[PDB]
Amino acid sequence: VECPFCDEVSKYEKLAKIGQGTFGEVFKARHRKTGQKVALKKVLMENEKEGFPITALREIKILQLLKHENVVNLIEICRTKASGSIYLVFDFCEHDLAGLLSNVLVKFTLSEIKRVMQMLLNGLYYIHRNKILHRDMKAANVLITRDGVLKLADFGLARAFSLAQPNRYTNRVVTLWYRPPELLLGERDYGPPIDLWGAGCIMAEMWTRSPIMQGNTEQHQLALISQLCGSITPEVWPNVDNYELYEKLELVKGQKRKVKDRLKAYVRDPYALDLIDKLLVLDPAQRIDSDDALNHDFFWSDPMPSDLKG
């Protein structure tokens, strides 16, 4: 069976497993002729009784659409014989952010931290402008190349989004620690702001070197956002009333917004504190968007963004 546009994955020689997850199986590999380093991700097939996974078709359609300096490149798709498997092939990236933050020996200047967030928010500008929600922002999904170029990764839970009637999207999304309060109160009509909440969490993590709201249960998570961001009243969040979970689910009243107080002793800078305050807004309507975040005086004050050698 002739097949021109889908090469055998044997053209890449394997090297080593480079990470566990939902995806499961990601290898590093070397192009057998040029020595180009890639990452090979197998298409999971754990008893699929409806042919090729529709989730895979969605992920593939998205990776083909999104081509931008700060989003991970899908090079091509590869196969492996008949009598049958499929691998996604990505331009290889040396590090992830959780690996560098969790290393005590790597250290970031204020100028270096800026350039990270400038690349991350520009990547999120690009995808939301292209009508795509990531829906799984965390430190582990922020890859940085050898050069120092940030690249967003793992579009497994990603989807397209519409302008409009009231939307009805999936609620079980984002890793619990980076989930917005919209979703933890049952919101099915969300959009770009859910990823910006995750960025705010990631920002703070640049200084704290560890995820800031490590909630065990979902109630724990929601009472722990209540602690940092203050309570969820309808004054702070107009028409939160009309959530169903708002009434039944326990919700701490006497809780002031203590977000800049608690992060003083990690992030010294006054602009960075103010940016994290505008990303960790409870109300998505009052939460800062991709474009306004890049315009914020954090990215335009001394010391300015700089390339990533340290």
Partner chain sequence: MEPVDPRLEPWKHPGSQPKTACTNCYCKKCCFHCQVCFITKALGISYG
Contents of the next structure:
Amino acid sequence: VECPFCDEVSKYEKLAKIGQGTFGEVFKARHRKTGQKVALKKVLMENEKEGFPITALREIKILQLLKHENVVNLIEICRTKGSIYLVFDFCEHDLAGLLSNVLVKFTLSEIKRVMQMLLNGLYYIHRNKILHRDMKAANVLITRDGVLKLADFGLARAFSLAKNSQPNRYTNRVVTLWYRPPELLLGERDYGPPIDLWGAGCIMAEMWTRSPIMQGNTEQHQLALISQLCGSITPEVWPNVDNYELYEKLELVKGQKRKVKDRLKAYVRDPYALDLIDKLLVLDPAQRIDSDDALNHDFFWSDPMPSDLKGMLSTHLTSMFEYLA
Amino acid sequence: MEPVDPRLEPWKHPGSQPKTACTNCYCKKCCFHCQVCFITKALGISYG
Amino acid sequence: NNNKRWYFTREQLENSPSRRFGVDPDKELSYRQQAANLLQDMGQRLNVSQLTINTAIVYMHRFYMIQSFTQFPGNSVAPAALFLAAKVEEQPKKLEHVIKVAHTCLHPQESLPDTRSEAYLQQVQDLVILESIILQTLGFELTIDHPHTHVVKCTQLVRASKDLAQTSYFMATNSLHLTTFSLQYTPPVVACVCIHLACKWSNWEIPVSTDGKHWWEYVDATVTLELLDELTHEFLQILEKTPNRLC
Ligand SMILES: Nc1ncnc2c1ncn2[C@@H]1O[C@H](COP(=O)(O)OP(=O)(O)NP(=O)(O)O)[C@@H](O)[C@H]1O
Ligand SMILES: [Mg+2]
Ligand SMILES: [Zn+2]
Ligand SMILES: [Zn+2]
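Coords for the form deposited with the partner chain bound, given the form solved without the partner chain:
Below is the whole assembly, all chains and molecules, this chain first.
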């Protein structure tokens, strides 16, 4: 059958499996002629019924739409005479990767630089009416040259800029638990750009704490951890939180006080970084800071000013003896 | 055949289904019921 | 050439894939509108938006500039196209719901094979397979801009009467069904062609903006009065070749 616009994946030669996913999920590979490094991501279809996953279709549609210095880049869509493969520009590391490796060091100036790219990338995708809906350190890659790239739009979708009329009804159970904001845990279905800024807030802390600050085991345990950290979820700090169905039908400690800047005080130190982490991890979406303001917040415009990730990337060594000698 | 605001997002667009059933009557008005009756009735096009 | 990928010359439309398999020009052109009718039928049955329909058609039209009606019966292809189109325009319908309405329309006579038989399950796959071929043939390019956008926008701008408005939008739905302009001109121009036409019929001469541009200059900058007359004449001749033009 003719197929002028969907090349065989043979043009690329597989070199390695990226991570511990399934048999042939994600592959590191190179273009046989230009040697260009790419990452092959197989469109998974073990669940076959509604034909090509509408989730895969949303990914593709969104990725083909989003072109920005800080958004992973889809090169092309290939096939094997059957599987469909998304081909991206290869990025050497992922933020979750660097953060876990406590032997890799982050200067204050370099963290400012990572948050700036992350938020400039988020400003972009929201601007283009898209919600990421799966922000976490693992979906944030960083290229060998120090450029941050938002990745994993497998759960993204478009949203409507309707300040005007009717209420939107978007899928509610989204965003990995440890990074899910309150509004979604309380049953919110008409959400927006703020669910990603919450996630941008957890990843920011992890920049210093080196690991997820709120590891709930359940939805109720998560809200719990959030109340014990941000303060209790009340109509005083978050007006109308009452209305939510589950607001009542859910255990909900009510005496808790905000301890954000305290609990993190140990790790972070710099005042401006504390203030931002404070304005990002705000319970009421309508009051939670956004990418536009976060970017203009003093943290980014005060000494030390943001720097490139050259240093931080040199602390990432080739092996044992380099790391331990 | 009926103007829909393009400004509305995809999921916010009304169903195409015509309000009333399609009749077998041929006439300037029954031929202009919907977009199927106009293509089939008035212009005489059919897929089967 | 990426933006010019799905736009063809009168010659290219002539040397189609269906042509290379002995199908005749007006033979092809009919399958197109036929397919476009089936799509408009099932789509109103399933109550998928007009937009889901228009997109299903543009997939159709492009699918047949690479593939031939010979090998892919426009009645097999149309269900799959609409199936995929549903998801794409965020109003998905269940594979089964569709295999139903597709059967009601191509076989009002018979009755739906058992949801357990070999023939049923069998076809549920043929549809799925086809959607995979439609996806690879369109090169996975799914976002379709339609004439209806620029049409609405423009009428609102010239304060066209309710009747001219509806009529211009009606002609854009038809240019999709009847002509292949979708494969030759950008949506904004086709929208201009539809307003220029509904205007002839209304004998309305849209006023020329105070010491300046003509109405079509607020819809597209490459449009010329000469073009709009040629394409309008071209659209009408198409309308004159339809079957019924030959309570
Ligand atoms: N362009 C890329 N370059 C290098 N590694 C990549 C690239 N894209 C994805 N990866 C790796 O694949 C993992 C991301 O997979 P991802 O794109 O998020 O699909 P996912 O299924 O949603 N996540 P996962 O379940 O971990 O595979 C990342 O955490 C990276 O380690
Ligand atoms: Mg991921
Ligand atoms: Zn009708
Ligand atoms: Zn009648």
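Positions refer to the first chain, counted from 1. If you superpose the two forms and keep the largest set of C-alpha atoms that fall within 1.5 Å, you have the rigid core.
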property	result
Core-fitted Cα difference of 2 Å or more between these two forms, single residue among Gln20, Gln286, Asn295, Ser10	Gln20
Core-superposed comparison between these two forms, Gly51 Cα displacement 2 Å or beyond	yes
Cα displacement of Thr34 between these two forms, core-superposed (Å)	1.3
Angstrom displacement of the CA atom of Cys229 between these two forms, core fixed	0.1
